[PDB]
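Given as structure tokens, the chain that follows is alone and in the form deposited without the ligand.
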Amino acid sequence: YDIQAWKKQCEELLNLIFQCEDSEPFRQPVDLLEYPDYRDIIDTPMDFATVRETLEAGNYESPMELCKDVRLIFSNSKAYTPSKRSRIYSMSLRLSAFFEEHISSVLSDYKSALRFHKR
């Protein structure tokens, strides 16, 4: 019932995501020089370095907030892709499946810890 355990669990999951080749297009903000119309479609850019920095600065209160930012990386990729068959979008789908498979226990354990704290 450790209410703080999610933070190191998220740090370790972000480390795995950074080791994965599929994360390369998402490790840093999208390059506006390569994609000059990016901000005409995407209102809120997000990337894994920003997620990691926000976590390390102590600026997430819960793993749900981290999960909302990670999911924004994937929805941005889906909204900017010109095709559902594109390379970068295809990498986003595999990364998303891996992230969701691993974040599920983090969220469940945190929510269970909070419910126990308030019993």
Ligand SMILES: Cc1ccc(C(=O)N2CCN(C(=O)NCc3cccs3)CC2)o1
Contents of the next structure:
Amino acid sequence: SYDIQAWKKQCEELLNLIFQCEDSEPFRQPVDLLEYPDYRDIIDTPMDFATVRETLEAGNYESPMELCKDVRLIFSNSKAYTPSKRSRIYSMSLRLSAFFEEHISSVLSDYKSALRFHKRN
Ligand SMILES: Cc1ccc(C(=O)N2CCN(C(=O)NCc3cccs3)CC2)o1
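Output the structure of the form solved in complex with the ligand; the preceding block shows the form deposited without the ligand.
Below, the chain from earlier opens the complete complex, with every other chain and molecule after it.
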């Protein structure tokens, strides 16, 4: 499996699966500061799955590792903002994180293998 570009379509399909998940609902758009007045006191770099998709679709990721960094920021921002480890929105983040890591591991492995094969000589 030595296609250096295959990660992009794989990431588009995994973002489609995440957008079908009810658990992604809170993570698909920005936080309204009228609903959460303190959100930006706590979170200095916001991130959501619409921004991740639009970055991928614009050709502004060079590797799946960069996409993976931004998706992990979505989840770390949820862990930082939550006032309880058993909040509804934080608990949704943890299930979605487990699904994302399960699916992204082959994408990263295949990309890194493909690049190694490219630089074999
Ligand atoms: C209470 C708590 C603990 C952890 C979080 C959290 O990670 N937030 C704040 C709330 N967020 C938000 O308002 N997203 C927009 C939408 C919500 C539902 C449909 S659109 C997402 C990010 O919030």
